[PDB]
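Excluded from the complex is one protein chain; the other protein chains are retained at their positions.
For clarity, chains are labelled A, B and C in written order, and residue numbers in each chain start from 1.
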Amino acid sequence: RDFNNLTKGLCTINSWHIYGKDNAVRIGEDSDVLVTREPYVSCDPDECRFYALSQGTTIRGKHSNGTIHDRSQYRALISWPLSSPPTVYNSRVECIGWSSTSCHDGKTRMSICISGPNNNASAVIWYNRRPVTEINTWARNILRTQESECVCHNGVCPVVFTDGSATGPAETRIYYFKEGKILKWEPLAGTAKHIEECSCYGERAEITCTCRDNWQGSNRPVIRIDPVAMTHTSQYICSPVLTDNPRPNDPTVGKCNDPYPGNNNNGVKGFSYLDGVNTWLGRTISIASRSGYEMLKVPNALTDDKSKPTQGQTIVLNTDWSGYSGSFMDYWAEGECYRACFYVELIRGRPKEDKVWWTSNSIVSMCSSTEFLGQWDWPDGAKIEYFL
Amino acid sequence: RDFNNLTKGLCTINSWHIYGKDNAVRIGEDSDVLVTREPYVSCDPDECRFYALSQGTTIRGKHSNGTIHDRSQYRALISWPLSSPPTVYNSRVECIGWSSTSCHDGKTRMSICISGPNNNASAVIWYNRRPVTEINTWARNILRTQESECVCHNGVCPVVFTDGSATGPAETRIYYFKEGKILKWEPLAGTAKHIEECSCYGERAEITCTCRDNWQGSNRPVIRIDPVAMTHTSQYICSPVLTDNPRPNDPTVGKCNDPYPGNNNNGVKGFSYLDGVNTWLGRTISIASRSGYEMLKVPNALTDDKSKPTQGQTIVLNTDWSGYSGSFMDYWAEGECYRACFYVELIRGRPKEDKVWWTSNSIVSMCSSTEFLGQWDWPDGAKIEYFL
Amino acid sequence: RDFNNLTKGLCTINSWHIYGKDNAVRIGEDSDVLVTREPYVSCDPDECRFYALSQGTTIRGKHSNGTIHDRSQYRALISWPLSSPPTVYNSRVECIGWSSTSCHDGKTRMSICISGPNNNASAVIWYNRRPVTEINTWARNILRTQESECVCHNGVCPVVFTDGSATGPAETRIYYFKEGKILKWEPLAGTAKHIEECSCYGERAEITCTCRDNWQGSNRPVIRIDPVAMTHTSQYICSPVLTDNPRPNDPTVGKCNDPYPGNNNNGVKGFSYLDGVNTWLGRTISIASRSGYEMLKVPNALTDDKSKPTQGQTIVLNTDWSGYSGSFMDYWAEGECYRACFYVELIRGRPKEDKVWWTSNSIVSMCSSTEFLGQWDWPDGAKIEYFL
Partner (left out) sequence: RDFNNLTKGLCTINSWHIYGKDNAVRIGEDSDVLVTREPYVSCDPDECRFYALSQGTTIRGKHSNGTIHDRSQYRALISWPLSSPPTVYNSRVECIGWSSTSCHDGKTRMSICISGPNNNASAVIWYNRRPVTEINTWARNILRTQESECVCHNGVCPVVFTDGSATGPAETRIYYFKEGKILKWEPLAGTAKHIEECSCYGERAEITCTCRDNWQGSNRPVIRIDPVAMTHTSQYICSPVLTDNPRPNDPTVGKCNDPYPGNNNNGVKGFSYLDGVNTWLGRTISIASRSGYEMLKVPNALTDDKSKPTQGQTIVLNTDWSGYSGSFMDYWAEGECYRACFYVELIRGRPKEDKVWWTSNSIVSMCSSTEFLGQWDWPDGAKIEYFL
């Protein structure tokens, strides 16, 4: 109908309720489920669906051998019905590639997939399921993007891309698209020193993205975008509650405009909701590996370099595998506010479970509740031994 | 369009005709059919579908081992096309959880799923396929609900919940929802001493629910709800024709306001249609186990403590496994009356058939006919030996 | 929109072109294809689909053992997309039973399924995918119907049923339905001595049905129905070109009002298009078994007791298995005439191929052309040895 506008603020997050779970790895042990990774969730005005990068083979298939690898010509962004697993028969291909983002602007959906060799990748921007614009690699070193949904406001859908080193300065750009066409792009500004895989959401005409500083930061960089002025700023979450992984132990004071040191050249896609006292941070429980997952209420985390938790909720036990996590919201729901949601990728197989030759995942997803709900843990649930 | 109103009375039940059957266990021996239990049927204005709690694995899958268990993080309420089996590829997830109810109000559908550990469960109420309201456990002891469809009248859809002991007094509440929001709730009143898994239907602006007194009753408790006044009453079916299971043999006089003694701490979800002489009771043939199933016409069963059968119809032979049963009707059919329908869950596997490591079921469903139709029996039809 | 009226006459049949083929048995050797038999084809105003009686198991499934049997509680009328095979995932259940018919009246579809034990069967008539009317067995001996589509005119859809002996006089009735309700029924009249499985079509406000005289006739009985007056007549095809099976060799003169003798208590569902010189008869090539299939142009076959072929077309070689055949037409196609079509059931497995424990089939379907097209043969195509 009309372009969606970010007119509401976030609902008060007092806890998290279960939203979706596909149990993909459990089910795929004996059904035609595609091997995936880098999943996310994204809503259309009349439907919310799961998204991921397929590896172009089923989990039980012999071609599952080697799926720990990230970029092959057999990957594609696929989407499928909420909480169903990504099967050969119910998965819809949005575009071909090994890095992606996607979002609905209220009228139709824009999907972006990047493909190609490391030194010659290109992004193809799809709108209304048709290819509209293409962008060639500018730094010739793995052009890559969010791996979770973008956000739109009055037709303008900003997207964060990075091209260049994963272990030193890179070239990050913020592109402002409208109907799949480039309105404007700008180089990253602010104090964030390295940017990868931004997790974004919008409220009251502003888009907030929590990203990954792969190079040096154990705290997470934050990009705030004005989609009307088509400008942005960047900084780090000030709070000493560190949310990347691996990471050093939590200090008593964090860093606002520089990466918090201790771990270099590594990380994990993550997210946060930065809204004053209504601030919640997600993170793996383990500081060493993609193990466990918890939500922590950290009032003013973004601006308070001494902020610590006041409430929390465990999502995945430290005795279970987690992985990527990101933000999304149903911008077309009823009510006076946007209900914060997130998903956690539950990685199974390599490298942590190397008795199998594949690497895949399942998805668990939650949204906020104004109630103070009891908590449960949500593991992938598959028994690797069954696959041996 | 407009909210449905219960303006018609029940059609005269002179017999039962076959409505649906999915032969899920037979088919799933060699196709990707999900393991389920606690099924039911529910209609939308333009379609009627089967519903159940998936176990998040196929029957032939190795993860089917252990599906006798009731509450895991891998369960979800799913729905699929009438008489088709619940497959990985045709099952639509309504919400995540291990106890549920669902009903269409004429405009859209409300679905409720409860999840969590025994002492910290929560219900999430979905409306128009979006999460709208959440309710935390109030007694911290397996918050649970109907396991069959709810019923709506002018937008108000009452739902019966129980939290607390299964072997002593518990805390039952009747929630009145409208568009997924809580209008009102009240604690159970009347003479019913324990309430679980209510099976409901509506006619002439009144909703009748036949439930399960797990604690002490072999006769079934009944809750009658006024969805306009949002009030209710409760009692037991007076008739000496006992319908829970296990149960003692039938006496010559029943109990109207107290559980009929003989069997404690056990039961099975069941149902009835209480309409004067047009009263029909469903029950397992066996008084000891979930074996066989029959419909018995027992005029004034609800109010006559000496009422006995005047007609009957066998649905499943005592030599075949049955299980849960419940009520539903197509409130959007043509005609001057609502045609009473019901389903019977045909449980296969554990605990009765322990040569296999799983527990699942198939569904058989019937609706009333004004004719006096010949009867047939309707077994699950699978050969367990094939699964060995 | 509006009820369809049989306002056109048949197009001139100069040959037959391939319309549909599902290769179900070939494909099902390695995919989840349901075991079926008694198939047919039927059109809706916007789609034509394949129909059949499922056996409630896949062909490769262990429950395929024994599917030679006709009436079990695991059968159902299913429909699926034209030329696709009937799979677990794409088959839509129309109703439960082991004998059926179905037809669209222009507004919506009526489907009829009969189920039950031999002495207590009942038909349930569905309209707009809801059960509307039920008819109890009147002769208590396998109530049964067409096994191919019915035909409608201004809302009135006549259907031929038989109840009673398959080897002596039986009780045949013609029911006139409108919106699933019974307008009228009448007992069979005319000279046809036994009636089973009528294959019907309509043109110029008249419905012609070619049926099966199981008791004594090797020539086929014919019922012509006036759906406005709701009356009919019956006789036999006069032509000496005999079309039932098994049957004696062709004589030089046939019988118009009595069964042509030579073979008793057996037959096969078949069809014909009786339109003056534009008359075409279908039949198995073998006079002994359901082997091969051919179309023969026999001018005035219905009324000329000496009529012989003037043209022909082979559909299935005598070295290949055939089976049931029946008529259907797309009453909603463009043009000035109705294009005659038919399907042939290609039975595989028992009893002819007993190395396998199952019985199933695939479908081949043709429609007429005003051209004189070259002919090909259309076998099922599966290799039984592959199933061993």
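Definition applied: a contact is a pair of C-beta atoms (placed from the backbone, for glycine too) under 8 Å apart; a residue touches a chain by one contact, two chains touch by 3 or more.
Chemist: By the document's own contact criterion, which visible chains does the hidden chain reach in the full complex?
Modeler: A, C
Chemist: Using the definition of touch stated at the top, determine which of C:29, C:171 or C:186 touches the missing chain.
Modeler: Residue touching the chain left out of view: C:29.
Chemist: Where the complex has a chain not shown, which of A:9, A:45, A:56 or A:251 is the residue touching it?
Modeler: Considering the complete complex, A:56 is the one touching the chain left out.
Chemist: Please output the residues of chain C touching the missing chain, sorted low to high.
Modeler: 17-21, 23, 26-27, 29-33, 47-48, 81-85, 87, 89-90, 330, 333-334, 339, 367, 369, 371-379, 381-383, 386
Chemist: For chain A, which residues lie in contact with the unshown chain of the complex?
Modeler: 32, 34, 56-58, 60-63, 72-74, 76, 88-89, 91-93, 96-97, 113, 115-117, 119-122, 124, 128-132, 134-137, 140
Methods note: only the chains that are shown with their structure count from here on.
Chemist: Could you give the separation in Å between the centres of chain A and chain C, each centre being the mean of its C-alpha atoms?
Modeler: Taking the average C-alpha coordinate of chain A and of chain C, the gap between them is 57 Å.
Chemist: Send over the residues of chain C in touch with two or more other chains.
Modeler: 89
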